[PDB]
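Only one chain is shown below, in structure tokens, and it's the form solved without this ligand.
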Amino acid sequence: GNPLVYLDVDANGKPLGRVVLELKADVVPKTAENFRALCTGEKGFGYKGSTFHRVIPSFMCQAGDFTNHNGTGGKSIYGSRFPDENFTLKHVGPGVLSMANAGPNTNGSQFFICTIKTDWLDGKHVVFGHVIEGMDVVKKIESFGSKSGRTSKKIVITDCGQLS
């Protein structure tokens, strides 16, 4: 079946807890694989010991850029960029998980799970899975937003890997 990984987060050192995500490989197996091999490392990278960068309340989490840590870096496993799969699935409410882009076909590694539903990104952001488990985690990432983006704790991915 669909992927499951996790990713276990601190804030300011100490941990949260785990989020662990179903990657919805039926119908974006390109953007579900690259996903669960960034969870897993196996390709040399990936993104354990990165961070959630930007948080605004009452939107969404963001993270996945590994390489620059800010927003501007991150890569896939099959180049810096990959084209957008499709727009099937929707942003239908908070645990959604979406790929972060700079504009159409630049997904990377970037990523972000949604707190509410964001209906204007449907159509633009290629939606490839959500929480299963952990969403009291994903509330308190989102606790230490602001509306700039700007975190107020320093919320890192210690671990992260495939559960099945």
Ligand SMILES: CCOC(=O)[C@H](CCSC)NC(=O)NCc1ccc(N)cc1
Second form
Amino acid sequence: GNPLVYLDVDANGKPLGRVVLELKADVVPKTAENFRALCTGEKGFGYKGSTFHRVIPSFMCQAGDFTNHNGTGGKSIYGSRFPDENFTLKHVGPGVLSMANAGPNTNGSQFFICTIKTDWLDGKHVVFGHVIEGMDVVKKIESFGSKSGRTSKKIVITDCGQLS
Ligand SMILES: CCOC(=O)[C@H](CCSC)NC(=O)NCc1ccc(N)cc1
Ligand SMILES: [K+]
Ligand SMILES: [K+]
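What would you give as the form deposited with this ligand bound, now that the form solved without this ligand is on the page?
Now the full complex is given, and it begins with the chain already shown.
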């Protein structure tokens, strides 16, 4: 079945809880596999210890720049960037998990979790999963953002991995 993965998130070193995500390997196998492997750290790099660097209330929580920590870096398990796999899944509401990018065919490691329906990103960002449990944790993260995206606390993925 589709992988179930988790992120354990803290804010200035205080635990906020766990976000559980389903990855749609049945629809975007290569995108799902990248995220899955970055959660386990099995390639020797990934999300553990990195931050949510850009968090905009009523929009989304963005993370996965584990090289530069500011939205300019990250890398995939395939190399620095990989193509847009397809745009089959849509940004249908809060809890959608989608790939950040800098234009067509620039997927790396950065990703976002939507806190509203972000339909204007349909056909532009590759959707690959959704929140199974811990939308209340996502809302806590959202609470530390701002309209600019700057966070008021350091929001850290303290642990991550695969459940099934
Ligand atoms: C809500 C998601 O927002 C984004 O993805 C914005 C979009 C700027 S318009 C291209 N981009 C960004 O924050 N960051 C740019 C970026 C750079 C390299 C990779 N591998 C991924 C992303
Ligand atoms: K806006
Ligand atoms: K800094």
